[PDB]
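Single chain ahead, by itself, as structure tokens, in the form deposited without this ligand.
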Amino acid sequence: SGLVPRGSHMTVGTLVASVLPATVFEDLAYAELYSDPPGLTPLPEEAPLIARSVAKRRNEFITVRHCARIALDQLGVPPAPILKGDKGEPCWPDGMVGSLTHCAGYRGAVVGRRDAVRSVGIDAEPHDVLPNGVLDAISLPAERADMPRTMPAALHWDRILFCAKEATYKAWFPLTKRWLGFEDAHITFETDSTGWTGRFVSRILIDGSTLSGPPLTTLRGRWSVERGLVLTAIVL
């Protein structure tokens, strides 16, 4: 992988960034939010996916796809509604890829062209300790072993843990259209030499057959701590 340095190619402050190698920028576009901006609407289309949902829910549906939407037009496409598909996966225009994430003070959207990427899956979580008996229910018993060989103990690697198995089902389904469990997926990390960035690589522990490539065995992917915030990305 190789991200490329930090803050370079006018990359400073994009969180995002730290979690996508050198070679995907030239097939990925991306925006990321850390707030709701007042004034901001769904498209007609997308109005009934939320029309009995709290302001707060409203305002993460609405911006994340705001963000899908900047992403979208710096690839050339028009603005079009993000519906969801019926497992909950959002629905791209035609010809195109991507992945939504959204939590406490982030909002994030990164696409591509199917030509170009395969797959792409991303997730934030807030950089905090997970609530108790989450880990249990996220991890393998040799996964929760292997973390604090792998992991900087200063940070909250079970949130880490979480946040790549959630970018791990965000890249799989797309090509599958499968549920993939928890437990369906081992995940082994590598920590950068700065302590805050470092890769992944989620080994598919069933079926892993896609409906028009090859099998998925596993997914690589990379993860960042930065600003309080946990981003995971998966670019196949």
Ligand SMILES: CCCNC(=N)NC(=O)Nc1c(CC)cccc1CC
Second form
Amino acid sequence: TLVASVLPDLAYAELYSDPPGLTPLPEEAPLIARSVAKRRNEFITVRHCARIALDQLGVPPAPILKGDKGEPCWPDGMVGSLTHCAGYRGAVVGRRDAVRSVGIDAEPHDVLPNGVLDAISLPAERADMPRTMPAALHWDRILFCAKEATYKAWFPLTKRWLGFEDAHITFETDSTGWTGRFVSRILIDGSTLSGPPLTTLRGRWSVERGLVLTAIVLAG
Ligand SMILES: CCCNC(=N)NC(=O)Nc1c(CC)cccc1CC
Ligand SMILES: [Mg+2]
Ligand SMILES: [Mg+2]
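One more: the block was the form deposited without this ligand; return the form deposited with this ligand bound.
In what comes next, the whole complex appears, and the chain from above leads the way.
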């Protein structure tokens, strides 16, 4: 799997297409009652992945509903994160006693559209990241992925907004050249609903088969 390369009580499951025959759980059905087919398929497939991963942690097949800010609603005692892009659906779930929060993201390994980089980055990230990332790799897309994984690990614990300028992310590369680590340092107040505040979120990145994958797993 691609997501295992960015992971260190924890389970995952991913699919690269939308298999026929999959249906949503009846509780989930109204959330895509009048949605386009592309949205319906990615919604159904990634939640099947979620249930495959939750089954590994002993959780019966349950519906994954959405909160007021779109965040996924996990069964009791479980955390996780979902992501879907062109050609990828991914789910990583964890046991809340040992895993405090999870955030993942997948994007096609392409250059960002013009003007997007300025909106998702801090000036020091645009300056230092070309020097720590391998040549030809779309470091701008990877940075955006790490921003997205950061937000998905941040929000379930804080329930507050986190802008692209509210976290400074530094990157490192493994000797293998296409994987590495990153550190997301929150610049605003990281007070959580429970537990110690969020200050530093460490994660992993990987480019493989035309996809960028990032993931953050916070230990409980
Ligand atoms: C440092 C972290 C900053 N990163 C973000 N704040 N990331 C987003 O808000 N991502 C987003 C999502 C959530 C995946 C859903 C819909 C639209 C967007 C972008 C407008
Ligand atoms: Mg998506
Ligand atoms: Mg995404």
